[PDB]
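Engineer: Each chain is listed here by its residues.
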Amino acid sequence: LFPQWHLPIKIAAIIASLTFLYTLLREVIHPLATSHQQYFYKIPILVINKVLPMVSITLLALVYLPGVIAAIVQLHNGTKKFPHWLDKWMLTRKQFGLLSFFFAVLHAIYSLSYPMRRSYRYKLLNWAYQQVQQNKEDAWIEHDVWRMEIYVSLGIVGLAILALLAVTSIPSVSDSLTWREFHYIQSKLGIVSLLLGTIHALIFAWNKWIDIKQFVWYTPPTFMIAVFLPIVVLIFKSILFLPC
Amino acid sequence: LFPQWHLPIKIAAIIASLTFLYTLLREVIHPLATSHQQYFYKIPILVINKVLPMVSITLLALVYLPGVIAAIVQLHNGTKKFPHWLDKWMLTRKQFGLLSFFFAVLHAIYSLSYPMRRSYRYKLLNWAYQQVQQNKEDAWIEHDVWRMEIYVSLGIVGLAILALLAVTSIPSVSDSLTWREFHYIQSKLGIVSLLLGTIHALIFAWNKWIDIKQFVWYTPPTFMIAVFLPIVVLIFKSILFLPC
Amino acid sequence: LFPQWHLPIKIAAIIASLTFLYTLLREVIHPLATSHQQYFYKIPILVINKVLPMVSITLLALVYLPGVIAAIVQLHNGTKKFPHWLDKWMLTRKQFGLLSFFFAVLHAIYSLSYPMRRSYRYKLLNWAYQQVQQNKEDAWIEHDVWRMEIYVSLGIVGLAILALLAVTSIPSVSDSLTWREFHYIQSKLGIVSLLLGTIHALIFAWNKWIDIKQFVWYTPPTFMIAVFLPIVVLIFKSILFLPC
Amino acid sequence: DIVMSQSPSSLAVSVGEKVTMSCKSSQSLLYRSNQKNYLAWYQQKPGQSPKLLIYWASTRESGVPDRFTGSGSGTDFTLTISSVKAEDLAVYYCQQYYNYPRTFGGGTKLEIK
Amino acid sequence: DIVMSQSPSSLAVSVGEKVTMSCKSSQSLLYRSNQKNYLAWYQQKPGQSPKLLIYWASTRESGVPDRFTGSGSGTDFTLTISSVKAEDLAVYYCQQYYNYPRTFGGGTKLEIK
Amino acid sequence: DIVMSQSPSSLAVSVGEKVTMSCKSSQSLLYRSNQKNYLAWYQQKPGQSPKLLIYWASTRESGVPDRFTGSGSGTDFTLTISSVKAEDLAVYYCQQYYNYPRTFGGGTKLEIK
Amino acid sequence: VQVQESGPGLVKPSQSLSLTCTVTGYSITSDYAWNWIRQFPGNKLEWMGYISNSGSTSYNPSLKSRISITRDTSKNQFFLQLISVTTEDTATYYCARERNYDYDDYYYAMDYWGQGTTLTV
Amino acid sequence: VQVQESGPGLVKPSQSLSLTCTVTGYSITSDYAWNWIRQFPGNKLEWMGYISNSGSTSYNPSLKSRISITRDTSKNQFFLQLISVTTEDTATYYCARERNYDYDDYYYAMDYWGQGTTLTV
Amino acid sequence: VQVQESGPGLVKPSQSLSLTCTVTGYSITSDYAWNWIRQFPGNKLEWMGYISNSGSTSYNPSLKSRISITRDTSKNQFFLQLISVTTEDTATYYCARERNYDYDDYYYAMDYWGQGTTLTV
Ligand code: HEM
Ligand code: HEM
Ligand code: HEM
Ligand SMILES: CCCCCCCCCCCCCC(=O)OC[C@H](COP(=O)([O-])O)OC(=O)CCCCCCCCCCCCC
Ligand SMILES: CCCCCCCCCCCCCC(=O)OC[C@H](COP(=O)([O-])O)OC(=O)CCCCCCCCCCCCC
Ligand SMILES: CCCCCCCCCCCCCC(=O)OC[C@H](COP(=O)([O-])O)OC(=O)CCCCCCCCCCCCC
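Chains as they are written, first to last, in my numbering: chain A, 4 to 247; chain B, 4 to 247; chain C, 4 to 247; chain D, 3 to 115; chain E, 3 to 115; chain F, 3 to 115; chain G, 3 to 123; chain H, 3 to 123; chain I, 3 to 123.
Since the hints were derived computationally from the structure, they do not count as laboratory data.
Certain hints may be false.
The calculated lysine-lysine pairs, modelled on DSS-like cross-linking and capped at a C-alpha distance of 27 Å, are [claimed, not checked]:
(1) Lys126/A - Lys13/C
(2) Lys14/I - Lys46/I
(3) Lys66/I - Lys66/H
(4) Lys66/G - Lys66/H
(5) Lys26/E - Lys66/I
(6) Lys46/H - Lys115/E
(7) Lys126/A - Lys139/B
(8) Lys211/B - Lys45/B
(9) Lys14/I - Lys53/F
(10) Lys45/B - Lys45/A
Residues of chain E placed beyond 10 Å of chain I at every Cβ, according to the derived structure [as the list claims (entries may be wrong)]:
(11) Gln8
(12) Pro10
(13) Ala14
(14) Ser60
(15) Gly65
(16) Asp68
(17) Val93
(18) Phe106
(19) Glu113
Quick reminder that beta carbons are idealized off the backbone N, C-alpha and C, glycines included.
The whole structure should be built from the sequences, with the hints applied where relevant.
Structural biologist: This is the structure we're talking about:
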């Protein structure tokens with residue numbers, strides 16, 4: 004029963020379960036323990052929408068990580084076989100690219116549902132009152148608008164490219180293109196979506212790197228762990244692109 | 004011309020047309036007749052978005068309703084044939100599962116477009132003014148935020164599971180899995196989406212059951228008729244799951 | 004490498020690049036030159052979301068434009084061959100219908116992300132303050148709410164019909180229907196999506212036709228150029244539908 | 003402040019006879035969001051507290067006789083009594099709760115004849 | 003209340019000569035949402051009502067001669083006349099409509115020499 | 003205006019002894035959005051400016067000895083000193099910044115004995 | 003629900019009074035806002051101010067300076083303070099309740115009133 | 003559009019006046035807000051208040067208490083009431099219109115003014 | 003950051019004063035709002051008003067009419083004008099800063115205070 008989906012799902016469940024407890028600890032448990040604060044309403048959306056993108060971008064990085072390892076071990080020995088653990092990994096690249104897309108659209112829908120919630124309404128009315136209370140016209144903040152317009156726009160075009168990888172995974176559509184075309188989509192356009200995905204997360208952290216309020220006790224913010232693996236994969240893909 | 008889609012579409016059109024006139028009567032006709040109020044702007048979205056989910060969750064319940072009837076009539080006679088009306092119904096389960104998904108994504112997009120409308124903007128500005136007018140800081144309501152975060156989160160994961168049922172309906176993808184795998188998705192994961200779909204509607208009615216303002220003249224609110232059939236299907240699936 | 008996608012992509016890139024510079028000129032360059040105003044934040048979304056729909060609805064009109072030309076030239080000569088440029092065009096109708104859908108869903112996601120941006124938050128707080136500042140209760144505007152509810156509702160059902168055209172383009176699903184059924188979807192339901200697409204844009208321009216503020220220097224607003232071609236295709240499809 | 007103005011300051015009537023009382027407003031009391039006029043009618047018996055009769059300008063309060071019917075929309079509202087009885091001798095006020103502060107009318111004294 | 007302050011209280015000039023009038027504001031009159039400065043310039047001829055010349059600090063009112071050009075942004079605005087004519091003898095006020103209440107400047111009296 | 007009320011107007015204590023000061027509020031100072039109580043505690047040495055000790059009713063200001071611990075939530079807040087030292091002889095005010103205008107307490111004078 | 007006003011009956015001018023609106027049989031903090039209305043001898047009603055069930059108050063701007071509405075939730079009481087009374091302040095003071103604000107249909111009505119108390123200066 | 007002010011010319015101090023701004027050739031309720039500006043003898047303009055085309059008014063806080071701007075839409079008139087006039091209130095009162103608020107580019111300008119009326123106490 | 007108050011020490015009643023809050027070592031417009039607090043001889047603090055780093059001001063409603071807080075960003079100064087002083091206005095006036103408003107956790111606290119200046123009428 005689903006022999007080629009056991010390994011990707013177990014890895015997806017481990018990353019999801021480990022990130023969930025990690026994010027739930029920084030956003031709910033830590034405020035509840037010290038300076039008691041409920042914050043229990045953040046679990047259904049504001050916590051799930053921090054597990055889905057990290058699972059989505061990590062599984063996406065695991066698609067091209069073997070492509071980099073397979074190249075350096077080919078040069079490390081000069082010539083021709085792959086270890087068992089690597090060749091088994093190379094086969095499940097199709098499944099990783101699908102789970103990564105399945106969690107990307109969930110992260111997409113959860114994000115588009117932010118202004119729909121009631122918690123967003125009651126915060127708009129409080130901000131509107133607190134602004135009138137202090138006679139502050141023109142609540143506009145220029146550099147903050149720049150941030151939101153960019154990483155939202157990059158996240159959408161980053162998801163559109165993933166949709167091309169997913170639609171070419173249909174066996175009828177997949178068995179309709181020559182290998183040069185299929186390899187052109189899964190590799191050339193595929194790595195672009197990883198690039199737009201990690202920049203979508205870096206621009207989101209405009210200046211949260213230098214801020215110390217992000218670290219609850221000593222743990223880094225959840226986005227620093229998310230973008231760690233894709234950045235490693237991208238720079239090594241660039242090093243290999245140099246004459247070598 | 005589409006022989007296997009005549010019966011599902013006629014049933015979908017009957018449920019849609021009957022619910023439309025029923026919802027239009029409670030939301031537009033009743034306020035217009037007594038204590039004249041236009042409310043004509045609610046038709047394009049606020050009325051259509053009450054027909055799509057009821058059609059979506061009813062068609063979804065009609066997928067597993069024969070699976071329950073076929074089991075009780077197998078025990079009612081002890082052994083082996085099905086009546087003509089039932090076996091004809093058993094064949095159109097694939098089409099019902101697709102129309103249910105086609106209306107679920109429409110109900111999804113219509114719902115995500117709520118904060119985009121102008122009627123939502125002009126109500127935010129009125130609420131913000133009426134809050135400043137009465138010097139009420141902290142418009143937050145705790146139990147109302149709990150409601151919105153849950154049923155929105157359940158509706159998204161309930162739609163994601165339907166997407167797995169729809170993607171496995173592609174003939175190239177469908178004719179690529181052994182019967183044990185295919186039956187595992189359409190039945191095990193399929194009934195879960197019905198469970199998450201009806202809870203998505205019950206949590207939406209946090210306390211609207213006891214409220215009498217919902218009943219316009221004597222008709223129940225539209226969600227009570229929607230969740231009626233799935234609740235019947237779910238409890239009978241649970242009764243059959245007991246040793247029997 | 005993708006022989007049947009060279010012509011549609013080049014046409015899609017030309018329309019996108021030409022519309023982009025045209026929209027960027029009316030929304031950013033013109034305010035920057037005369038009466039210096041930055042407006043640079045409108046590029047990532049508010050400008051891209053004016054290129055995607057125009058590309059989407061123009062490519063959609065190019066699907067049925069040959070169907071009209073092929074009919075009038077069949078009557079212009081009375082009988083039987085097509086010119087080389089036309090028959091080459093008739094073959095790429097499948098690709099045009101897919102790119103049109105690929106940009107329609109992008110235009111859909113970009114539009115649903117409007118209330119999520121920060122620029123929309125800071126404008127709500129300014130409007131809420133300016134309303135309290137002038138003691139104006141009931142900021143509701145009836146005819147403006149009518150506009151938004153309609154063209155948003157039509158745009159969603161116009162996108163749903165395109166999804167039927169796209170899903171029937173899968174080779175496994177496409178090679179599963181008799182020609183009468185396939186031709187019924189691509190032609191009958193296909194032209195309906197073009198009708199709902201252009202009305203979705205006309206209702207959006209409720210009264211912006213008579214307004215002179217739309218014309219920056221002398222150029223028409225971007226929607227007037229968008230709906231020009233579909234209106235031509237629709238009326239000629241109607242003329243041919245008359246006895247002739 | 004929305005200025006409420008009642009047309010008849012004091013009008014006489016006999017038992018069992020239709021009577022109408024007007025309440026001319028300053029600005030519109032109609033919220034265009036939910037098209038309900040925010041205006042109420044009170045009745046103060048001699049030496050008692052004012053009791054509510056009709057809220058939202060059309061709906062009777064629970065426990066009010068059927069002979070009281072309020073109508074109108076926008077800036078002109080009317081309170082009508084189908085058959086004046088002996089116990090309907092009181093002062094009738096119209097207030098608005100469209101915004102703050104609430105303002106009452108001048109009051110219409112009903113004198114039975 | 004935003005305090006408007008005009009630099010020259012009264013300045014003389016001859017016919018056919020460039021002249022400038024300043025209007026120093028208290029706080030910024032620039033809405034960062036739509037980057038338009040909300041400041042207008044009026045001209046009150048002797049014994050007449052003030053007529054609008056320039057709104058949004060840069061755009062001339064329909065029917066104003068081309069010799070009037072307003073510039074500036076933020077808190078410092080200037081009204082410039084390229085060639086003073088005989089009919090340009092009036093008092094020039096700068097007001098702000100950035101918020102409520104509206105406030106006018108002290109007025110700059112232009113005396114032809 | 004939120005009326006702050008400190009329970010002990012003036013209480014005496016000896017060096018090295020626990021002491022508590024209460025600050026009863028009028029309405030709740032807890033924003034239910036982010037569940038933080040908006041109340042601060044100041045300390046005014048004899049002939050000096052008031053310096054901040056605890057903000058948000060629980061967090062000490064950077065540079066404050068550990069013996070100061072504030073607690074409470076809603077409308078009842080308390081400032082506790084574990085071991086009163088000689089330099090802790092001052093007047094302790096509790097203010098609220100839940101909304102405008104800010105209001106201070108009556109002040110609790112601590113007299114070392 | 004049974005509400006009853008209290009307070010002095012005769013006060014000297016240029017003084018400060020304090021009325022009471024002890025509410026019995028119901029909690030003043032659950033789902034009802036309470037207003038203070040006064041009726042002049044000329045049968046002219048005037049809305050002085052209200053206090054929400056969350057402590058939020060809003061007064062009539064014509065007398066917003068010399069007015070204050072507090073509550074004692076421990077015993078279901080309200081307090082109306084007129085810091086500087088005058089000859090004009092003599093009237094009958096009622097405290098009437100109303101169903102609190104709602105986002106669907108706001109500002110219901112002042113349904114139940116009290117018997118009121120007479121105030122003379 | 004032709005607007006014309008009216009009202010008394012001489013009033014006694016500590017009295018209440020009422021001006022008029024009869025608007026001709028246009029409707030006072032369609033798309034224009036009307037403001038009341040007064041000009042002191044020292045050539046010093048002051049914005050008193052405005053009234054939107056929906057009856058919404060907003061006054062200058064420096065004299066918000068002793069001011070009131072009403073309208074009579076049946077004949078396109080406005081009314082400015084100064085409940086307690088003083089020696090300082092003598093000035094020339096103009097009523098100037100302005101294009102009403104807009105969510106895109108708000109607060110256009112006070113374009114058209116009236117000939118104004120002189121008021122002396 | 004070192005802040006220092008200034009201004010007169012003795013003024014006549016029914017006059018107008020003007021204090022100064024020259025801020026040294028920091029810019030008054032970057033990320034800090036400055037408030038004006040006065041302390042009566044009875045050891046009773048009162049918050050008069052604040053001025054944001056964008057020129058936005060908000061005063062205590064109990065004295066909102068006779069108060070004005072301006073700034074001179076060219077030299078990092080503030081100005082508190084009491085247009086009509088009285089016997090009650092004698093107190094010690096501090097100008098204390100506070101971290102400006104934030105959408106996540108608003109209204110931080112008035113952390114740093116000045117040595118204040120004594121005012122007598
Ligand atoms: C429909 C398009 C997308 C939208 C609208 C979107 C929206 C967002 C938003 C609003 C956030 C900030 C969440 C927050 O407020 O805490 C976010 C974070 C993120 N998104 Fe996306 N996103 C999209 C697509 C993608 C894609 C394609 C990827 C890559 C696979 C991605 C990866 C991430 C990551 C890694 C984060 C940071 C998670 C964290 O906070 O730790 N997103 N996205
Ligand atoms: C994208 C995921 C979904 C979202 C965002 C969503 C959103 C919503 C919202 C906002 C409502 C309340 C509508 C209102 O305000 O009147 C609602 C109601 C409802 N939804 Fe969903 N929903 C989703 C998925 C589903 C699914 C998968 C089902 C089951 C097939 C479903 C069935 C219903 C039903 C039955 C109602 C109640 C209809 C009524 O009011 O009578 N939804 N949904
Ligand atoms: C998910 C469904 C859709 C939504 C929510 C949607 C939303 C919108 C919105 C909000 C606008 C106005 C953009 C603005 O504010 O400037 C717009 C414009 C437009 N839409 Fe759509 N739309 C949808 C589907 C479609 C479809 C199917 C078409 C046709 C292919 C289409 C074609 C257009 C065009 C041509 C415009 C005018 C572009 C312009 O301003 O020049 N849309 N849409
Ligand atoms: C977020 C963006 C989503 C965009 C979804 C659609 C993107 C389509 C882009 C093109 C993908 C196919 C590329 C390609 O080369 O396909 C060739 C093949 C036809 O080959 P041939 O018959 O011409 O030889 O092509 C086909 O026959 C394949 C056609 C596949 C169509 C799949 C449509 C799925 C729609 C699902 C519902 C979406 C709701 C939003
Ligand atoms: C709301 C959530 C939407 C999620 C959409 C994607 C979900 C994919 C989840 C997995 C579905 C397939 C499950 C499965 O067992 O498929 C096996 C098969 C490959 O089999 P094999 O070749 O390994 O033997 O698999 C395939 O070859 C099938 C691949 C199908 C991919 C379809 C993608 C459609 C995308 C449309 C556009 C969406 C825009 C938002
Ligand atoms: C915006 C709206 C999106 C809606 C998406 C789903 C719409 C489905 C509507 C029906 C399309 C097929 C029509 C048809 O006649 O198909 C017949 C065929 C089965 O034929 P047979 O085996 O009965 O002979 O049918 C099939 O076997 C084809 C089944 C295709 C299912 C594709 C699902 C794709 C989902 C992608 C993810 C979407 C996330 C939002």
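Engineer: Does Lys66/H sit within 27 Å of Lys66/G, going by the straight-line distance between their CA atoms?
Structural biologist: With a Cα-Cα distance of about 13 Å, the restraint between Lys66/G and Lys66/H holds, given a limit of 27 Å.
Engineer: Quick one, are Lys45/B and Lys45/A close enough, alpha carbons at most 27 Å?
Structural biologist: Roughly 31 Å separates the two Cα atoms, so the pair is violated.
Engineer: Over 10 Å to the closest beta carbon of chain I is the bar; see if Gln8/E clears it.
Structural biologist: With a cut-off of 10 Å, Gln8/E remains clear of chain I, as the shortest Cβ separation is near 17 Å.
Engineer: Starting from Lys126/A, check that the Cα of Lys139/B is at most 27 Å away, please.
Structural biologist: At roughly 13 Å apart (the allowed maximum being 27 Å), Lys139/B and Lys126/A satisfy the hint.
Engineer: Decide, holds or violated, for the assertion that all CB atoms of chain I are farther than 10 Å from the CB of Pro10/E.
Structural biologist: 20 Å, holds
Engineer: Holds or violated: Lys46/H and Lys115/E, Cα atoms, limit 27 Å.
Structural biologist: The given pair, whose Cα atoms are some 24 Å apart, holds under the 27 Å limit.
Engineer: Please verify whether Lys14/I and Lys53/F have alpha carbons no more than 27 Å apart.
Structural biologist: Measuring from Cα to Cα gives roughly 32 Å; hence the hint is violated.
Engineer: Using Cβ atoms and 10 Å as the threshold, tell me whether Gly65/E really stays out of contact range of chain I.
Structural biologist: Given a closest Cβ separation of 35 Å, the condition holds.
Engineer: Against chain I, does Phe106/E keep a CB gap of more than 10 Å to every residue?
Structural biologist: 18 Å, holds
Engineer: Hey, is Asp68/E genuinely clear of chain I, shortest beta carbon separation above 10 Å?
Structural biologist: 34 Å, holds
Engineer: Does the alpha-carbon distance linking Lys66/I and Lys66/H stay inside the 27 Å limit?
Structural biologist: 13 Å, holds
Engineer: Holds or violated: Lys126/A with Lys13/C, Cα cutoff 27 Å?
Structural biologist: 47 Å, violated
Against the hints set out earlier in the document, violations occur for numbers 1, 9, 10.
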